[PDB]
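With these hints in hand, go ahead and build the complete structure from the sequences.
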Amino acid sequence: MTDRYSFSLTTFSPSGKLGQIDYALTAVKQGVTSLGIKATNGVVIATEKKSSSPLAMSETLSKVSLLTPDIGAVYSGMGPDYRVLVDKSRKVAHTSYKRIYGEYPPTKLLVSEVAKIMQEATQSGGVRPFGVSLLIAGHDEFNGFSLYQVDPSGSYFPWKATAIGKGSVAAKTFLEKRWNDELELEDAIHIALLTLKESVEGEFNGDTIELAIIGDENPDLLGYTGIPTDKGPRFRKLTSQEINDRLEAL
Amino acid sequence: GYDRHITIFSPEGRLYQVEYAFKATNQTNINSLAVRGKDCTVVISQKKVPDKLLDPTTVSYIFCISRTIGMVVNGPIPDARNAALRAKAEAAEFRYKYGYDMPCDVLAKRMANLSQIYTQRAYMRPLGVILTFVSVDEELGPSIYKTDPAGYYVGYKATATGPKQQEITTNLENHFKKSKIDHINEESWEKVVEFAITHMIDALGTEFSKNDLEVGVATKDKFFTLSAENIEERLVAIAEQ
Amino acid sequence: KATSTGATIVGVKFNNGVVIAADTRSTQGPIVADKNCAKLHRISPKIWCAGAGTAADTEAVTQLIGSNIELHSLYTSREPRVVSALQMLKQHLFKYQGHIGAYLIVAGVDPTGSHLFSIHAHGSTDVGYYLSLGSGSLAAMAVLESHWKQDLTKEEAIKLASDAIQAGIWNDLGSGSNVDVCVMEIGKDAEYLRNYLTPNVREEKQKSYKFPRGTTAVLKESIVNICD
Amino acid sequence: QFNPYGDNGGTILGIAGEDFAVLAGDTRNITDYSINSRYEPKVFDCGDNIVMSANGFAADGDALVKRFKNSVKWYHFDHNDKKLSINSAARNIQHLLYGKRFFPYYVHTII
Amino acid sequence: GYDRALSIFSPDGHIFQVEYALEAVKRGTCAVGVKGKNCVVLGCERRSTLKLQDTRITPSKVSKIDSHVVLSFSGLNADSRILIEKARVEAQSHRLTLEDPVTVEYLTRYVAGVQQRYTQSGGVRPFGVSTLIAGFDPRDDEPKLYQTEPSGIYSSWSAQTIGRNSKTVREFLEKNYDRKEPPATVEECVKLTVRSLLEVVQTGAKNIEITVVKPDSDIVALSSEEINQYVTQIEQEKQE
Amino acid sequence: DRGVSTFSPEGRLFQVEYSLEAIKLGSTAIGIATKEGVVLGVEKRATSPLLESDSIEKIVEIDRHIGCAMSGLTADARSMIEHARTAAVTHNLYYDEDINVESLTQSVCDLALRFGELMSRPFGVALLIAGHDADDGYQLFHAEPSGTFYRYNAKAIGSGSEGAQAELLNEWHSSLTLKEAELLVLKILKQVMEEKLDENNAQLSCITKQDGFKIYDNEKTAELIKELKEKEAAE
Amino acid sequence: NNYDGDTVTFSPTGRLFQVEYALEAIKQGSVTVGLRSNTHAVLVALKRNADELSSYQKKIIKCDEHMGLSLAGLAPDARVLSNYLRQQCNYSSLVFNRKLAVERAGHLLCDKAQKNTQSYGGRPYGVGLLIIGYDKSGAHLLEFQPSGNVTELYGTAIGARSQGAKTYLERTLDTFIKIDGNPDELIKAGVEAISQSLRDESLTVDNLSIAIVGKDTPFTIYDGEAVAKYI
Amino acid sequence: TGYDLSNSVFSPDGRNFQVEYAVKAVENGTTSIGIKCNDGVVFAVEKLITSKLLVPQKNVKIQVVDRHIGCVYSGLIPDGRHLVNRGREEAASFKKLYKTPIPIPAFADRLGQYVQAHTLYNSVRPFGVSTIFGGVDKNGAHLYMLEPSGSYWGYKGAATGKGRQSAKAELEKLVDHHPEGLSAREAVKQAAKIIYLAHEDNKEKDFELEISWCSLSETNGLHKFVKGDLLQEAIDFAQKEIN
Amino acid sequence: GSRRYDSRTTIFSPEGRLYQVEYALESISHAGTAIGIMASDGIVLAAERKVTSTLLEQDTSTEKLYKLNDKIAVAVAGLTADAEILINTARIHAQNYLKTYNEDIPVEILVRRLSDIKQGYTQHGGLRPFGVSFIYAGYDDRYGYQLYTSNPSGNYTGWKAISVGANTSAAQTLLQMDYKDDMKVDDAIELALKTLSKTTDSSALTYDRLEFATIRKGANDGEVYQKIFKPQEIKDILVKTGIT
Ligand SMILES: [Cl-]
Ligand SMILES: [Mg+2]
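Chains as they are written, first to last, in the deposited numbering: chain A, 1 to 250; chain G, 2 to 242; chain H, -5 to 222; chain L, 1 to 111; chain C, 1 to 240; chain D, 1 to 117, 125 to 242; chain E, 3 to 233; chain F, 2 to 244; chain B, 1 to 244.
Rather than coming from a laboratory, the hints here were simulated on the basis of the structure.
Worth double-checking, as some hints may not be accurate.
Computed list of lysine to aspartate or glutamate pairs in EDC-like fashion (alpha-carbon distance at most 20 Å, straight line) [claimed, not checked]:
id : chain 1 : residue 1 : chain 2 : residue 2
1  : F       : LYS53     : E       : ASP137
2  : C       : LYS191    : C       : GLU181
3  : L       : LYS73     : D       : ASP54
4  : C       : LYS37     : D       : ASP54
Take a look, some chain B residues computed to stay more than 12 Å from chain G by CB distance [claimed, not checked]:
id : residue
5  : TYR5
6  : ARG17
7  : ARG91
8  : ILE92
9  : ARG113
10 : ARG142
11 : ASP178
12 : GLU190
13 : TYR207
14 : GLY218
15 : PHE229
Using C-beta positions, here's what the derived DEER-type ranges look like [what the hints assert, rightly or not]:
id : chain 1 : residue 1 : chain 2 : residue 2 : range
16 : D       : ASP205    : L       : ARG101    : 28 to 36 Å
17 : D       : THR86     : E       : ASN51     : 29 to 37 Å
18 : G       : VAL237    : H       : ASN10     : 46 to 54 Å
19 : H       : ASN10     : A       : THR2      : 16 to 24 Å
20 : F       : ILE50     : D       : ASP143    : 53 to 61 Å
21 : B       : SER203    : A       : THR225    : 24 to 32 Å
22 : D       : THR90     : E       : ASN51     : 27 to 35 Å
23 : A       : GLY144    : H       : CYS221    : 56 to 64 Å
24 : F       : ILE50     : G       : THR207    : 47 to 55 Å
25 : G       : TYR97     : B       : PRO231    : 50 to 58 Å
26 : G       : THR207    : A       : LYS88     : 42 to 50 Å
27 : L       : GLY6      : C       : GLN92     : 48 to 56 Å
28 : B       : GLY222    : C       : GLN92     : 46 to 54 Å
29 : C       : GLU19     : D       : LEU93     : 55 to 63 Å
For each residue, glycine too, the CB sits at the ideal point set by N, CA and C.
Quick look at the structure:
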């Protein structure tokens, strides 16, 4: 045995292309549409819960994941690749930051750590790149609210609003017309739901849509009282009912 | 065309070795079914002993992973036992480290992560098996979580696996469309097993003797498999109404 | 020369949960380093941890396990259990053969119910309805053995716990100052009651020691550059 | 505390003549004030016309002789059955002994 | 670890990776070495395809390995740095243990040994570098000039050139260098070195570097103007 | 591609067979064993007249009683020589004696097949190992990259080897003197060399019991070349 | 064809070509004969020279006082395998004060050769071995193939033209097995056996190599004028 | 194509062709069988006499693991020896930790997981043997057969090698004609017959019969070779049936 | 076994070229142009972001210009993710040096270190090289203001003015035409922006498509200041130099 693939599986072609990264992006293109919109007092990330079977309980499959109390993530592409990246992202937030500084990492630096992991799968021996693009939304004290995209290459970019996957080209055009620097969080959620409807074929409701926000601190979700400085997580996943309420004002 | 030999992306963004591992899954020509009751989770699987020289008691694709968790496998037996041994080791380790029994969904996720690794690392091949984990979880209640060679997993109200999964799946879909509930509204596991066998008969259009089936049952604090005589008692009750 | 503080720490089980309490003195030898430290720590939202012995080891071990508990909670999509913290703590401590001088009372609630354990530096654990640790454990246990009963209410358990801490405060030289309390009830958020009692307030000084300005002789003044 | 060494007594004597050599030793083996054996051979024919004795701690003595005899065997294998000369044997035994410089064979060797 | 045998024999008994490393040397800028009676001169070509270059800070082609030995090269620039670093470490190691600086032959033998090692070790390619190593042995006044190549063979030379168009300048040196009477002074040696490069270089401007090494750790690099005076005098004698 | 340790359909190791082709391209080296000593001679083959030929070292001392000549990719021989020297010195340290020539040769040949995917390829050089010990007297061995070594009364390796070996076949007899061997090496080297043989493009050496291994001065060899020319003109 | 690039690849008919090519190296090797009675076991080997100036390559290697072998194929591989046997014989004596049984020696050689046929990077051994010995169950003769197959025999031959000697031994089986307490006659039978494999060349004094081991006979090799008696 | 050039590669069918090629090596080997009797198991194997020079009864093929398990295999003999060596290590470590000798089903999985592991990577070759093995433990007699893929099941009777079809047909008759069971001494006789009958696929050369058995009453649950009079009795019974 | 799938990233071609290095350089030739210009009183770094969007958050975005320490900055051309791996290693080397000697790392020593890391990937390990070319702008008290470039081969050279990325041939000709030795930072700022304006593949050069930085001794007295230009500051300098 032993891993005898100690050589790179991603290499430069004569034209300068890194084939495996391009193909990973093609897998992302086939993926279900997900989007992110940044408001003045929050960020929203959303996607479609494309249920593989009606017998499957799609609530048990989380496409939108909490990384830290103030950071959340969504993806387009290969689900299993996303799931393991979320596990690594959660751990690296502790091992390379919280266990050192006693606080959670700022959005940009966690994004940087996730990006590094994805970059290494592009160069290290005997592995393929991750077949996902990530959208990471978050808040921290000194940078405020932010939204980042991370690609299979390990490249990341900050966005005011964007979309990835299936209908991203049409969705990004839709977002360009609607976005301004004066949006409140509820306005961004409204625009998110409008944008997402265009790329969804079948049912469009709180059970088929996954949506989370980075907004105000939620002391009700903290689990304890007594420490004034601890005010609770800013990441909150919207319920099926909360989504449907906003679909009537749509 | 070495992108078809190892787990790297094709130009279409596909992993052919994963797709071919899904095809190996049906090599045994066996169909399995899982459903949930009020207090139990039942899994049934076809049993085929084509050789008379075989000891039929040793021919099985249902595994007792832990006291609480059971696992049925769709695929070749060598890969099935590979997955079974690992799942048992993982469940035992979990209990030692964290002081409580490994949940069914957590074990499924763990095995799904291990599968995901085989789809990304070139030196390891995927296992040509689909794993259906069942239990009565102390927090979530009756649970069905299924894993495949892609590293995908999800919870199910009910599920089916094998060459004729579609026929069974649609049959199950139609029943739950009528009842409008996420489980079989029945008190005893015996009747949930009877439901499972009845709907497999309807879907496949074949009759079963006691040696044509294999049954696993999960209750609170234990998973167990039924003997041929236990199954016979089930088959008699089905025929008598 | 590491900190090993004197303390009185207790844990008391009641009707619908568990309560833990502690004093607020940190010692350096015979010297009182901190007159109002916080000995009640968090492991998870509803699991809390009182610590005694080598101060650095108690804090470090509670934070490490708390970190791994959070990752475990996220991985399993489940609220963390007290027995998980207990098992992770004791296996860590046992591996180091007592060289990590952490002595803990662990207490909390989870889906399984309410729990109360103690952990010793060498890696042994105990179960109980009432427990005490620290240099004032004997003073506190004397009170617990005198007044504890079965089926305590929330308000009774807080009273018993704080009375046990007070016994340590007055009679043990290692313990003093204030009484912290944390209540963990089933179905409710855990309420941390920082400085629940403050019976040792410093009396007004007889004289102000504010010096006339210019009293201290100075050789050199210079503006320091903190900016870039 | 465990003492890895012991003293098995014994006395050996080597004398070189003009065209001969003798290596003699008593056959008594002891610990403290007890006799283990009245006849336990201590001087050994190691082949190639070489005789050897490693007196002191008998376990180390037996180990050394055994390893030297083995060295004679492998000298024949590696060097076309060449006879191991007494000077070459002596230098070889130095290396066997010094190999355990920091956990010595507790013996006084004579060949 | 990566263990793949990159340097292997072909049916005709050739090791192509070593031979292709020589082709990288053929592409490199021309380097030349000429030893006089009491000096050695190293000349190097600078391709004028790169102007806007900062010549103060740009890596110079001749490198001091110790105070008494120098190394120039033709081929891959990045590869050469690894050999230069190793040589410099070994030079100090030799001083530390032997209490004497390296001989020029010893230093050459070491560098040549490193190059050879990279031709039969797994997971590595050969150096795309040939070197000219020149200097004087400690307390010795006899000039030394050696050459190494990717295969790891090395030898002593009265005069030698490596790199692109080295065939042409070797042609020049073979008819212009007399062994019975080598360039008796620094001037004569530098002149013959500049002349040899002028067969190949193009403009005698910033395209020629010259470094003179004399006994007892006396090493100096000539400036643009000093070299320009040699370039001027050579062509004025040629107009005849 | 294909394994470095692969067998051909004929039952030969590809890489070993290919390294033998590299040795055929090497400069000629000749050895002749006599009862008065063993002579080793080599063609230097300088690529240019500016190359100082006395820096070409194709004959090398392993110990006082053992010498060695090489042919092929001569850079590969350096680690082989290093090993040989270490083995010779180490045996003396362990046994207070000289090592047998055969034992030394066997130790060198043990390196040969230590290649795979250890070194990445076989050595591309053949060695003529000559020496003296008390047990077997004057000896000459031919060490190949296959790990095989043959003892020879006389042997030629390199580009002119088959022509030289045919010549050695006719000339060698068991009563040759050291002087007769010296001239014989010079005669056969001169026959197979491209350039005209002199003291600067050829080198002689010998191993005797009394004086040990000695590389001949260019002045000493020049006299033997002149002695050769006259005796060939003598008939 | 497409399946002979390495030892880790079966062919569509279930063959291992690298092992078969290693077997081919033995067939190119010089002939060597093994045979035994109930008291003695004998090796006879035709040594091969490079040319008339060269020595004749040694074929027989001693492994212990009671055991040794002869080789045909790659000689360095025989040195590796015989060294391993020496160590195993030696381990048995040092640790257990016990002479290694010839049959157990065969099992050890089989297993060592097998590991080189199932793993990537390695190669099979390219040599055949004939092991003779005298242990607690009498005289023994083994034939080793680098496929891993080891076989206990009364007599055999390996190398080029070995079929002639093997047929002779198959005829003479009932005669030579009965040659007890007569070393010279058993060797004669072996020399006559190996003669059935000669063409153009005949057995000379530096050509022939003989080894013998028996009841009161340590493993000893005869070369040079010591075998002139049998020519 | 090219899917069959490397182990652990799934073909578009979902097949591992390298494992299927290993089966061809098994099918090329001599016939070996196993018979499960009332209180034990009987193993038998065909040993082809390639030449008169082979010493009779010396080249023993059947192997013991621990003291209660017997193993026989067809195909590449060295591969089988390698598998038994592993099995012996597995059995030793099991007994070391758990005291009790390894149960036969437990032992079966140890071999099974090991063989299966050699179908997971391209850096190893699958085993070129099918192994019939078994013995007696605390729950009684067990007979198993294990393929190159790692696949194994429990058997009433088992056969592999060149004459497996002939043997299987004979085994199937015994199962049908003896639902109550077969005695250990009967099984030895029947094993001799089946090998003699299966030798028709290898009729060119003559052969040597080798038999072993583990039986609770006949061998005290220990693996033993059938020797001398009992072996000759089985040979006579076999020779009588073919004529 | 595994050998079958090995691309062999560290081999010479028959012409004596490193395949992967050459192909990595081909990749870099499609990256946004980065320009460095060294003046007597400072250094200018100018770089073009690749075809951007109106929704890209520019003020928090960084793809071209990175700070290695207070004295040294880099402009990137190629794979941004590859560049960040090397940048972090360089930042650590600078700090290691500062801890060891209690002095800021000289520019060339840092450049040589990073270039040696790149070299290693071309000679051993069997991994693909980093698809990155750097322009190093820095200051130390030995050589003063310095410009360097390194590429995937690990080769580095010093420059007065240099470009990397797309259209380097056109850019280098334009720089060679208008550069003079006695030039000042404000003049160099103009040259850099004019060169990008002409070589760009975009229709027009605007603030949102640029990253800009200066290293000046325009820091109050005997010290050096790095200035990573803000989006509004890039917009102002574009108007000042008369490009928009
Ligand atoms: Cl996991
Ligand atoms: Mg894979």
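Okay, the hints, checked on the actual structure:
no. : hint                              : verdict
1   : F:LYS53 <-> E:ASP137              : violated, 23 Å
2   : C:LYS191 <-> C:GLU181             : holds, 15 Å
3   : L:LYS73 <-> D:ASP54               : violated, 46 Å
4   : C:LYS37 <-> D:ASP54               : holds, 18 Å
5   : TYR5                              : violated, 6 Å
6   : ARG17                             : holds, 25 Å
7   : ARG91                             : holds, 30 Å
8   : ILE92                             : holds, 29 Å
9   : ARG113                            : holds, 32 Å
10  : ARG142                            : holds, 48 Å
11  : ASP178                            : holds, 46 Å
12  : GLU190                            : holds, 46 Å
13  : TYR207                            : holds, 37 Å
14  : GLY218                            : holds, 50 Å
15  : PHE229                            : holds, 39 Å
16  : D:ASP205 <-> L:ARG101: 28 to 36 Å : violated, 56 Å
17  : D:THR86 <-> E:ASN51: 29 to 37 Å   : holds, 32 Å
18  : G:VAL237 <-> H:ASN10: 46 to 54 Å  : holds, 50 Å
19  : H:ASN10 <-> A:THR2: 16 to 24 Å    : violated, 56 Å
20  : F:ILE50 <-> D:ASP143: 53 to 61 Å  : violated, 47 Å
21  : B:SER203 <-> A:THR225: 24 to 32 Å : violated, 59 Å
22  : D:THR90 <-> E:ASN51: 27 to 35 Å   : holds, 32 Å
23  : A:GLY144 <-> H:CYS221: 56 to 64 Å : violated, 23 Å
24  : F:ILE50 <-> G:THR207: 47 to 55 Å  : holds, 52 Å
25  : G:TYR97 <-> B:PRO231: 50 to 58 Å  : holds, 56 Å
26  : G:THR207 <-> A:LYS88: 42 to 50 Å  : holds, 47 Å
27  : L:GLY6 <-> C:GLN92: 48 to 56 Å    : holds, 52 Å
28  : B:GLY222 <-> C:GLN92: 46 to 54 Å  : violated, 36 Å
29  : C:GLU19 <-> D:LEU93: 55 to 63 Å   : violated, 41 Å
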